[PDB]
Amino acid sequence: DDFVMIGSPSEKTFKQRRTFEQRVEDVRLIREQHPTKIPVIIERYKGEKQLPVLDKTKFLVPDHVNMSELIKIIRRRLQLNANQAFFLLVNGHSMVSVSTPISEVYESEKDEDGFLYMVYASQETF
């Protein structure tokens, strides 16, 4: 007689929402108009327990920007505590020791579909 835990429907991902073709078609299209901006997908880990949702999912990041400038920008967008724990993984990698600009990461690390995919969470292991 205290608190009941409503189960998420499912916490539905971007690919879950968009089709593989719509995606290659957003990617191509958007990088037609924005050839300096990297098309990126940023999501909250499915088990995430501390950090809120980001308000959007898709982002363009100017290709000169380095990864570590990206983290700062996410903590700001999320309005985070300076003392709150926040990691950002890409193909299983914490991006916090990372020097290169997004463009360098984007060609090497991008999905089949075109987007660069990254996940954030208050931990680095799962």
The other form holds:
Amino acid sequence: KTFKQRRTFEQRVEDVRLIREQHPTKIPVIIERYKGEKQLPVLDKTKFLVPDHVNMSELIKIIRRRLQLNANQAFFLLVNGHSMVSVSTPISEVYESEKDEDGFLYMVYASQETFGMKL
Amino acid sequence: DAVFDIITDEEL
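Can I have the other form now, the form solved in complex with the partner chain, not the form solved without the partner chain?
Every component of the complex follows; first up is the chain already shown.
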């Protein structure tokens, strides 16, 4: 099951309250496989704490390594249901504008054919 | 899948 399917809203909110207490400089992000994607693998851990200074292109490099991707394997992130406005956008800005009601920032990843047209 | 994966600066 996906994260939201496994945890109730109240449990998600409490997860966020506690984790943000414990990690004063990290953003809580859920990073899951796009439903329908079957080239890229599933992560063993899909709950992340991301240093709050990074930008999206830094995060992409990290998640490609987490997935142990080859260089010839395409990867794209959708953040809160849309493509990233820009790879240079700080994750602190992304969190403030795109976070869920529950306090997590949600993303999914996909390969080229699954992701489709990029504009 | 309940434990968080912590990204650190030593990775950047």
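Positions refer to the first chain, counted from 1. Residues that one form lacks are left out of the comparison. Here, rigid core means the biggest group of C-alpha atoms that superpose within 1.5 Å across both forms.
**Q** Kindly specify the one residue in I30, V98, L89, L80 whose Cα moves by 2 Å or more between the two forms, with superposition done on the rigid core.
**A** With the rigid core superposed, the residue that stands out is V98.
**Q** How much does the C-alpha of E43 shift between the two forms, in angstrom, given a rigid core superposition?
**A** After core superposition, the C-alpha of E43 moves 0.3 Å between the two forms.
**Q** Keeping the rigid core fixed, what distance in angstrom separates the two C-alpha positions of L54 between the two forms?
**A** That residue's C-alpha is offset by 1.2 Å.
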